[PDB]
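J.: Next come the chains, spelled out residue by residue.
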Amino acid sequence: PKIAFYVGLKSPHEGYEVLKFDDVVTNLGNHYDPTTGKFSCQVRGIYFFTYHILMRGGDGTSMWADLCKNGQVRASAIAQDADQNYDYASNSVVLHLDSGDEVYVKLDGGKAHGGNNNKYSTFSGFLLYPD
Amino acid sequence: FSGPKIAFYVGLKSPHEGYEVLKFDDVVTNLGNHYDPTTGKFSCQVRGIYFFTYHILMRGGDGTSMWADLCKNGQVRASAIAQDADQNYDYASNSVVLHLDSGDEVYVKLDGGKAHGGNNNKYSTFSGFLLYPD
Amino acid sequence: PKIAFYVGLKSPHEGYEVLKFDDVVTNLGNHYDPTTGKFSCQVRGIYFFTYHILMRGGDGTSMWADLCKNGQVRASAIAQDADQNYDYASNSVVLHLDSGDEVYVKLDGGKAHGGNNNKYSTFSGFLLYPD
Numbered sequence: 270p271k272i273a274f275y276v277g278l279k280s281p282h283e284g285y286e287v288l289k290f291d292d293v294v295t296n297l298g299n300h301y302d303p304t305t306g307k308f309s310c311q312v313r314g315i316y317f318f319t320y321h322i323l324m325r326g327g328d329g330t331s332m333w334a335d336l337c338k339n340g341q342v343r344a345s346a347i348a349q350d351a352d353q354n355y356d357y358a359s360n361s362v363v364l365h366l367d368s369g370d371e372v373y374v375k376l377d378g379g380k381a382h383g384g385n386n387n388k389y390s391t392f393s394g395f396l397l398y399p400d
Numbered sequence: 267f268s269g270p271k272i273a274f275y276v277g278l279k280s281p282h283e284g285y286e287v288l289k290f291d292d293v294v295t296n297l298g299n300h301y302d303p304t305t306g307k308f309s310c311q312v313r314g315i316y317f318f319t320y321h322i323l324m325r326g327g328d329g330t331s332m333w334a335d336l337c338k339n340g341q342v343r344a345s346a347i348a349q350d351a352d353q354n355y356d357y358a359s360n361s362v363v364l365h366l367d368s369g370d371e372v373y374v375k376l377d378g379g380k381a382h383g384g385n386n387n388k389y390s391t392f393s394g395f396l397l398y399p400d
Numbered sequence: 270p271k272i273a274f275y276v277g278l279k280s281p282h283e284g285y286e287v288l289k290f291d292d293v294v295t296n297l298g299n300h301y302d303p304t305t306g307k308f309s310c311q312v313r314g315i316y317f318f319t320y321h322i323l324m325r326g327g328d329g330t331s332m333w334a335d336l337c338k339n340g341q342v343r344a345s346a347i348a349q350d351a352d353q354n355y356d357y358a359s360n361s362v363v364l365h366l367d368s369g370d371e372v373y374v375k376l377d378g379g380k381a382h383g384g385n386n387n388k389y390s391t392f393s394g395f396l397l398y399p400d
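Line by line, the protein sequences give chains Z, R and V.
Its first residue numbered 270, the first sequence is counted upward by one per residue in my numbering.
Its first residue numbered 267, the second sequence is counted upward by one per residue in my numbering.
Its first residue numbered 270, the third sequence is counted upward by one per residue in my numbering.
No lab work stands behind these hints: they were computed from the structure.
Cβ atoms here follow ideal geometry from the backbone N, Cα and C, with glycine treated the same way.
There's no promise every hint is true.
As the list claims (entries may be wrong) - Below, a list of computed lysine-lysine pairs in the DSS-like style, where the Cα atoms sit at most 25 Å apart: (1) Z/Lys271 with V/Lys375; (2) V/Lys375 with V/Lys279; (3) Z/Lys279 with R/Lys375; (4) Z/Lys338 with V/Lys271; (5) Z/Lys307 with Z/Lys289; (6) V/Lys271 with V/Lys289; (7) Z/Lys279 with R/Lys271; (8) Z/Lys338 with Z/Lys375; (9) V/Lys380 with V/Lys307; (10) R/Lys289 with R/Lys307; (11) V/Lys271 with R/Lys271; (12) R/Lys338 with Z/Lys271.
Claimed, not checked - Residues from chain R that keep clear of chain Z, each with C-beta distances beyond 10 Å, as calculated: (13) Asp328; (14) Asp367; (15) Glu371.
Put together the whole structure using the sequences plus the hints.
T.: Spelled out as structure tokens, the structure:
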């Protein structure tokens with residue numbers, strides 16, 4: 270089986286519950302759902318994910334972009350801002366997934382920037398080894 | 267992960283411009299010899315799904331913003347904006363998964379800054395590999 | 270052979286010789302050894318690695334996170350934020366490994382930050398193509 274996706278933002282989005290990437294560049298298997306913002310596992314196995322978020326949140330308060338699986342943080346990234354030189358929040362993971370597990374990016378204390386033409390905020394993943 | 271084996275990882279022997287294309291000349295891995303450091307482009311011979319990632323140490327930005335773009339046949343498919351200037355560098359990075367037809371080219375281009383690195387200090391990188399052939 | 274790992278940091282660590290990631294999230298094959306901090310190849314082939322280190326200790330100097338194979342740097346990342354906050358140092362490689370080769374992250378000029386709670390600093394890798 271062949272499962273891989275790469276998605277970005279068609280406009281700035283907030284991500285209080287989930288950052289809903291809506292610019293879908295690659296979606297092999299159709300397992301990423303832009304209406305929910307989640308990648309839902311249909312093949313049990315080992316996956317790679319990576320994200321890279323351009324975050325704005327004003328002030329001088331920290332901000333985070335987390336990768337979640339089923340509501341548990343599996344990687345986190347803290348960004349400052351420093352409204353001058355923004356911040357990107359990024360990380361990468363290898364995770365084991367069961368069928369029905371949900372993987373997504375969540376924002377804490379800041380907004381994600383990007384658009385159709387400037388694909389700044391991205392999220393990708395693919396299946397490494399099926400069980 | 268079964269058919270042909272294609273993967274590359276490259277960097278800079280010295281600082282380079284890349285206004286049309288950043289020509290990484292430090293070839294660490296080049297399974298299949300499909301990255302060409304004379305053109306700075308990865309050229310697909312195997313139709314399928316590919317992962318790419320890049321991480322460019324940029325400076326020279328006066329005060330303005332600079333960009334590192336990943337292109338495919340002249341179309342930007344990912345961007346990173348870097349806004350340091352005051353002194354020293356800032357990184358511009360991204361990752362993508364793209365479908366390629368035979369003969370498509372993938373490469374990194376720069377706007378408003380210069381990529382830094384050297385065999386000494388492998389700061390600026392470009393890597394990719396085939397995930398699934400069609 | 271399914272060989273992949275994702276590891277993070279349970280507490281702040283030095284990494285002047287090797288950053289010993291101690292939060293083992295994924296370790297297919299058990300080839301990453303949290304006691305040494307090294308991933309160790311018994312299957313020769315082509316591997317992807319990526320790392321993302323949140324560092325501190327930059328006074329008026331830069332800091333580095335380097336990815337090494339058998340003592341040789343194969344990727345470097347310079348981090349320069351000092352006056353305030355923290356700064357990430359990150360990179361990705363594709364490398365051929367011989368059986369026995371050791372891959373690990375090494376720091377210079379600063380200290381890695383994190384917790385099992387604050388999962389900021391990460392290291393991941395997987396076998397792409399066995400020879």
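J.: Flag every earlier hint the structure violates by its number, smallest first.
T.: 1, 7
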